[PDB]
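All chains should be built: construct the whole structure from the sequences, respecting the hints.
2 protein chains.
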Amino acid sequence: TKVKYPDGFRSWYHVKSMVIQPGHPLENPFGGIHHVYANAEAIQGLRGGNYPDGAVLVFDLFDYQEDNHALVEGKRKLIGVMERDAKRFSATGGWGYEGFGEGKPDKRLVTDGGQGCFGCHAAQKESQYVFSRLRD
Amino acid sequence: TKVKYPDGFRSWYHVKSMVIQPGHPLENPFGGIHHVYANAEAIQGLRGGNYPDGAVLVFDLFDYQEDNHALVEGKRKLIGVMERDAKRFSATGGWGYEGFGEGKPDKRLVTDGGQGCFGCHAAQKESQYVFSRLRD
Ligand code: HEC
Ligand code: HEC
Ligand SMILES: [Zn+2]
Numbered sequence: 091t092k093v094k095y096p097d098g099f100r101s102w103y104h105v106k107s108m109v110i111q112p113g114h115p116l117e118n119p120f121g122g123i124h125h126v127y128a129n130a131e132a133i134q135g136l137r138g139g140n141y142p143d144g145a146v147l148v149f150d151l152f153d154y155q156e157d158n159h160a161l162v163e164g165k166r167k168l169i170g171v172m173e174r175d176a177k178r179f180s181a182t183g184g185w186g187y188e189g190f191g192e193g194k195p196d197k198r199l200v201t202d203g204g205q206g207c208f209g210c211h212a213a214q215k216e217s218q219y220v221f222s223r224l225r226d
Numbered sequence: 091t092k093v094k095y096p097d098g099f100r101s102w103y104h105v106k107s108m109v110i111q112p113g114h115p116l117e118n119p120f121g122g123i124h125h126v127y128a129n130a131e132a133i134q135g136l137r138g139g140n141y142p143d144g145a146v147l148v149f150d151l152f153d154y155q156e157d158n159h160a161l162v163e164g165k166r167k168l169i170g171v172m173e174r175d176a177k178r179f180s181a182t183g184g185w186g187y188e189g190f191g192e193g194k195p196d197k198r199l200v201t202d203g204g205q206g207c208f209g210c211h212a213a214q215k216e217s218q219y220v221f222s223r224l225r226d
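Chains as they are written, first to last, in the numbering used here: chain A, 91 to 226; chain B, 91 to 226.
Derived by calculation from the structure, the hints in this document are not laboratory data.
Don't take each hint at face value.
If several chains are the same, the list does not tell them apart, and a pair holds so long as it fits within one copy or across any two.
[Unchecked claim] Taking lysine-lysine pairs in the PhoX-like style, the calculated list, with each CA pair at most 20 Å apart, reads:
#1 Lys194 - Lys94
#2 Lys194 - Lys165
#3 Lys177 - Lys92
#4 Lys167 - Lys197
#5 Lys106 - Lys165
#6 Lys106 - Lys167
#7 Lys94 - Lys106
#8 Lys92 - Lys194
#9 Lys177 - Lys94
Structure (structure tokens):
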């Protein structure tokens, strides 16, 4: 019951972005510029509908470089994936969690069935474990 | 003669993002977090083809707030638009340039036929006047 690599995610809907800089409590490991993407099924869930199985959210994390009062995207550090499967992933709330180092399909990171990822997202039980909100 | 408001641009492919902070040359009026979106026709040009008529790039500009060393997106300040049409927009290199205040259709910002936008973009003559490059 592994989470699939989300092929083609870069074509998906861009939900939002945030920058985490040194000093912030999530600097390790989430420091950098990140972008959140969602496929069609996740949008139904984000819109205030419910999440169909098959919904996928991606957190795409880049290192940044400071260039004359601009922050410029550098190398991809990793992508984080949540894949909705109420029955397959019922142990962590109906979402499977995986990380891919540098976004590579062969660099799977999660060793504990996603319990560590879930421990934090569990704080968002109310929104079905998703922190991101749709915007305009 | 007028650049069309790009309805539905938020659905399009997210090319890249960048943060421009106070002190940067472009702070006024491009300061903030911006995201670049391309429709299907613009992707063809970004990937190395010619840009077809009908190609559209949008620069989506948000204010941000610094909160405990995170930069969080706030309100949309404006969108900048480039619309390809080699004949109609011949005076400005075949792209028409428009700004929409707060991303609203009724708030047109350009008052000089796009000459001011064109003058800086002319530096990228070699890449069909587009600064952004596809990344993975
Ligand atoms: C708190 C200590 C966290 C841990 C550990 C993990 N995540 Fe998380 N995640 C966190 C926050 C605050 C956010 C929102 C960021 C924003 O821009 O608002 C996220 C977001 C995700 C997303 C995007 C979907 C969403 O819930 O907003 C994904 C796909 C995601 N996170 C996956 C993920 C994985 C795979 C983790 C373990 C390897 C993981 N997260 C841990 C907070 C925390
Ligand atoms: C230099 C003095 C500029 C002026 C005046 C304008 N633009 Fe521009 N633009 C500039 C840069 C350096 C970039 C790249 C930003 C990045 O993230 O790399 C941009 C980008 C755009 C885009 C995105 C497509 C691209 O060329 O990369 C659009 C749609 C765009 N700019 C529109 C635009 C309009 C409408 C302007 C006058 C109101 C305008 N720009 C001025 C540099 C400069
Ligand atoms: Zn300076």
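Against which earlier hints does the structure fall short, listed by number upward?
7
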